[PDB]
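Below you will find one chain, with nothing else, as structure tokens; this is the form deposited in one PDB entry, and questions on how it binds or moves follow later.
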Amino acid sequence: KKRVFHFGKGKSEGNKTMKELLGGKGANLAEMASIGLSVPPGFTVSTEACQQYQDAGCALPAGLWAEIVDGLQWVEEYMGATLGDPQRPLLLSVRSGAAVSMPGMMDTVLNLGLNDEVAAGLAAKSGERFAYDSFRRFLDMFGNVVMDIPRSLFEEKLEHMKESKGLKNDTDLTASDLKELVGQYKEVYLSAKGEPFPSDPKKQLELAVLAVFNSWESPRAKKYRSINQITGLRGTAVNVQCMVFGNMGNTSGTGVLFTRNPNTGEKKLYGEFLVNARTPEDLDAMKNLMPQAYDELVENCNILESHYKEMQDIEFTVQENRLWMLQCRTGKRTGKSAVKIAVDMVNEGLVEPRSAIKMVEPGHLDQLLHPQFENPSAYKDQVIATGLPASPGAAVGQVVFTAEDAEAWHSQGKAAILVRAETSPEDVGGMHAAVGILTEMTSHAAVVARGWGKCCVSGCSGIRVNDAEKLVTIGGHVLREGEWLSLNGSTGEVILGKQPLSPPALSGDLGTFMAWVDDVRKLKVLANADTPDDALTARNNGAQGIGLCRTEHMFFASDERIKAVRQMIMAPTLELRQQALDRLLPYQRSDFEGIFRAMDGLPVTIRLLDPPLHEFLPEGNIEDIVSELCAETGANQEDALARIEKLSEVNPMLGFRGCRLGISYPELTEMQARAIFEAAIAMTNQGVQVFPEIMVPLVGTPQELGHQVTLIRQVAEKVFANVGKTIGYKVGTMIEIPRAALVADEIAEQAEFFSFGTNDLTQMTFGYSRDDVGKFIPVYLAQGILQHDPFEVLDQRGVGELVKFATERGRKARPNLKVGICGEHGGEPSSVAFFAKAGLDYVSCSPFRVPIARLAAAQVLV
């Protein structure tokens, strides 16, 4: 067989490697057959046959039809049926298929080899209504796809029939009605084509083949190929196969199933079977009717899992007590099911760890990191609305309408659902105290929740929040302060009442799976945390330390801390401006001690003040901003106003911030370094292992870094002397300025470690203000100008080149330079993959993204 390959249970001339000749689908059919799967017999016309076709004057090649006939004869003899015979009928299916995906190809044609005589022979065991309904559809399909007859001509008589009969929803058409349409359809063949419908099965087949070959050069198919610059190909193949039915009596039927439970992972066939074809009946009912069939099904499923090393979602049809395998694909499943299956298959000795790692997707794993309801279905009779999955996870708490109230609930150890028509940066404190957030995937609330791993249903516009009064209008029900409400941040649903939460998992399979993940990955995964509590949550999620502790975020923690910063900025005498810095030192030192204890034994990287001073000022009308500052700091109006204007900036993202501030106000960096080293020593004295790292933000030259490094080392010497003890530590820098990447060799002389700030790097490289990019990104994506939003998915070609240059040049200067990334791409699978192959030492992300990062760092290596 050089152009036509037949195939059947345990028989096939082709093999799984011939994707070129047999096309993707052909090669798979051959493989499925080659391993003993009960697949209806058939044959495949190679892509060469399609090439010789278009080349030999775009006409049917010599000898092909001969081989095709051999194939069919082989299939007929195999199935115990013949093409165009009422007694022993043989109906076929004709599908196309290239080596790769390709649109515009001839649509699948079912039940070929059918005619008035065969249709009657079919009504025999399957029924009359089914036979002629099928004959009608075939005439339509074969006519439109093979003969190029407008479907409209056919639909013109189908609806013109109801206009006389009495219905429009086809299903009422009786047997005779169908026979009448069959006649009317054939006349369409004479009216449109001039000639009659080919009643000879062989003629149909021939045409169908030619129809497929011609589909390779179709408009859609060529545009597609022309767009992706797809060349070499050679054409499409022709996959022919036998039709089968489960309506030839009670000794037949159809069913679908997952070789394993797609929700729990339990190793048990999970599906349903329909007898003679109503509503489905479970599997156990099949064997109790078709024993030899159910047994064949079982052996088929075992084969699938043994060979494909994966759970399968299939469609089978048992015809007259004989089972048939029609469709098989890797089965979708929940994360719970994904992890259990991966682990059982390893324990079963079916797959090894390195392969199991690829069986759990980031989406699967995410599901297991947040609490979930016990039965999202059991509460269908209670759902009262649906919004957007701003942040996955299940939550149950009492309704509240203010951050302050949420915080209050939290302080009493109680669960509250914060509900606000919309949120603001001032409610952030309450949003963290709430067990769930609900507002009337891109909303600013959603983003915040995700990092915390907090449930949040945003964009639920079908809601009205009554503030004056303490109630909210949602769906048809009204909820008032104190009433229970459930939120599903994964589905976006807003159930009513107190739905149950699945209890902690005891299987240990997640722990088992993750140990493989951690064994395989080379990248370390750190966490971005600014508080002792987040440090703990990061450690519990497997973080190997803290790659980024943002000191500015340690002040927006309380009104008191914020006022303290303002006092600093408004100081009149250095005698007081130092007193204000001294005040900030305790807050810092206290927070660092807490973070260090939580990270006992792990490296902790703390970044020097980065935001422009303007950020720590009240917001609102200028007059009011001035009033608040005077009351909070003791400054007069003139000075306050002058100071506010002086701190104002046109482009704050590139203004007076980062090391520029640290360099201009040395005392600031000296205060933070003192706070760090003193906290470190205090915790060491209590037996905590502390490995502090100090990082300088927004550096663009070696000089800026050197200046800050000198300051840090000086403070370290004094603190160590004053406390009579010394501990190791490291000084490093952020690489978020494109210039820094360019002169990374020079910068590496002073920095012991590099930490890419791809957020800022992406902003400066693209010249994109993330704060304002929302005004044109949608258009860029819609227009194909951008493939992905650079802020979510690392732009490997651009930003990526700078990361590579910087990494290479920095390590050439300091061979053991530690290199990481703390931008948000640090928790994004495709970005993490790029960082791994770029040779970075680690990635650092939010606490709850840590497991995802770990998974991604392993998957890229296997």
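Positions refer to the first chain, counted from 1. Each form is matched to the other, and the largest set of C-alpha atoms that superpose within 1.5 Å is called the rigid core. Compared with the form deposited in another entry:
For the listed set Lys222, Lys646, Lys718, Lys380, the sole C-alpha moving 2 Å or more between the two forms on a rigid core superposition is that of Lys380. Annotation for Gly475: C-alpha shift of 2 angstroms or more between the two forms, rigid core superposed.
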Contents of the next structure:
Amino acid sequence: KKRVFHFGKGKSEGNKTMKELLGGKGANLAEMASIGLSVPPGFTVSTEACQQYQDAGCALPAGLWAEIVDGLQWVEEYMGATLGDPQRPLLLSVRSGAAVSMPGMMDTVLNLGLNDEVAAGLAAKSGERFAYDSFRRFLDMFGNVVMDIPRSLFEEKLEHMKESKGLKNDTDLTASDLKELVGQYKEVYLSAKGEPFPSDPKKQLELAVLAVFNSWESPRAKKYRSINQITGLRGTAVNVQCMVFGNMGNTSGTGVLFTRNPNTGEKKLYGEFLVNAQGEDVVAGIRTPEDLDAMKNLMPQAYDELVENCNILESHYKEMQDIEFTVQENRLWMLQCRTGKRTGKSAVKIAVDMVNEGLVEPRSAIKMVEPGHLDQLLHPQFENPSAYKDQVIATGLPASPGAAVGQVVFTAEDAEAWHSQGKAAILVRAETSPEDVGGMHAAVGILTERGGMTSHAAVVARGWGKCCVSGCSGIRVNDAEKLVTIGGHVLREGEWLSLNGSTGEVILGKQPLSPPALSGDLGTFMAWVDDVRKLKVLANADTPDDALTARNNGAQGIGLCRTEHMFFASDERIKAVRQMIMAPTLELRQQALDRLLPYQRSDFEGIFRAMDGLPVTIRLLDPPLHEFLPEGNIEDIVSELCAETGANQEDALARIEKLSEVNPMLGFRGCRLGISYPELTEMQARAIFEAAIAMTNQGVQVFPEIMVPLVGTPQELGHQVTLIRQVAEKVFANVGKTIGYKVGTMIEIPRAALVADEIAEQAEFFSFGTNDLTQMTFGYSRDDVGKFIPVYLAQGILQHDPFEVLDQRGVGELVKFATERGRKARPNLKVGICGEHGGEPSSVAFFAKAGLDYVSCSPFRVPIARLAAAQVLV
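Give me the form deposited in another entry now, not the form deposited in one PDB entry.
All you get below is the one chain by itself.
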């Protein structure tokens, strides 16, 4: 067969590889039939037949029809039913389908082959009500999709019926009413077309075939191929398959199931069956489905076939399946099959079980768990979330995934108090500012009134993998009365509240939180992931606790420890930085600097203790100094600064003005500051090495790395590196001990990428700051472009927000260029990236292909990065 290919259980003319000719659906049907699946018989008319059709002036090419007839006879012989025969009726389904997804194609046409006589022959076992209802629908469907008759013309007839009979829910019409409606519908053909409904089944088929071919040249189909650049294709195929029913007595039925539990992964058929009826019934309230056992009970012969079909599906497709099947008088029929959707929990278990069952190897199992699946297992989740549907009192934005349960509080201070007592608090505030960070961190969940997916609470919460429901308009926080009205409900300080950051749901009361996992499957799965990936995955952390959390998540070290964050850790430390900034003499400045030394030395010791055995990369002071000044009205900033440092009103104002900048992103900061005030870098370097030594003397293994930020020339880097090495030697001489360490730089200035070869002579490693690199490369001030990014995305100007998904064409090109030039100068140059791009799958895949050595992201994104670093190689 060259233009028409039939198929059936264990028989098919085409095979799974003919996506071009048979089309995706046609090729898959051949595949399904070829492996022994109980698929109803049918045939496919090649895409080549469509092309010949279009060229011949949209006319049916010579010989084709002869083949189509050849194919149906085979189907008729296979089924033991003939087209247009009331005693042994054969109804057909006609579907389109090209090689790739394609809109504007003819919609599916069911029950083709009906007429007055066949309709009565169908009412025989399936009943009059259904037979004539199907006939009414078919006349409409076939009439509109094949004969191009407006739907309104038919509904125009049906409405009058119930408008006179007295109903609106068609499920109320009778067999005779439908018979009468069949008569009215046929008049529509005569009125609109000028000729009667084609009662000859073969005429229907022919018109259906031509309609599908014609569908290829539909407006939407053409637009898509020109508004989504495509070519070659050559046309669409037509899939004709025999119809089957489950309403032909108590020996028939329809059902749906997953070859495995989509929620837990348990290896057991999960679904439901409906005896003597079809899917429609349920939707109306006409019928209520049972569980699969009813099928094993009433139809053991068909059930056994269902099990063999399921094992064959998993055995051949190597994947859990979601299927739709029908049992027609003890005979099982496999209709639609597709990879089953599932929870992360289910995804990991199924992947591991299939490896243990010897169905697939690790390399393939890795592709069975999507980043989205793995992320569900990284945050807390509710046991039975369905049981709280009535307790839900509001829905806000799902700013940050995960379930949280705790007592409501209204200040960062109170969330901190709760945390200090080892208790769970839900911080509820109008919106958050950098002043609530401590409390936001202390709470188990955050709920705000204003702000969207990019508000302060959402962003910060996502960075910690902490549950957060944002922009929940239906809430009013009464700071003064210690209460919050949520959806008219009043919650007072101390009462329990639940939050689902994945849905944005605000649940009243304390819902159960799913107990921790004991399976061991995630551990097994992740071991295969770690075996396959070449990229190392590090974490960005600034405190001992985050370092520990990163390690428990599998981080191989810390790629970015931000020293400025360490000073923002407490009011006392911030005040200390301010004292240094306001110091009126060099003696008090050094005195203030010395205080910064213990803080730093102390924090690194704890960080080094937590990362015992792993490299820890510390970045020097990054922000401009004004970021350490209090915020608010100039009057209050001055008042506060004088009270905290001793400066008088005059010098306080002068200094604030001197530290003010027009574009703080690109001013007096980073190495520019460490170069102009070398004592700053000497202080931090001193703290790093003394902490490193002190821990090494306690048996801790320390691999310190110092990163110089915002370098644009090799001279800036060489200056800081020289300073760092001089301090290293002094400290090692004073302590009488020496340890290894590396000095490197953050590559975030476009110029640094351009002169990367020279910068590599001074740097032992490259740490890409793609966030800032993107800012400078796009000339985008992330804090301010939010005002037009949405417009750019909606108008097709941007495909993705460059700050979330690495811009491979632009920013990525500078990343590749810098990596190549740096490595030519220093062959063993370690190159990596630190930032959210280091935790975003498509970006991680790019970094892997670009040849980087590692990525570094937030502690809870680490497992996601690991997963993505493996999948790109598989």
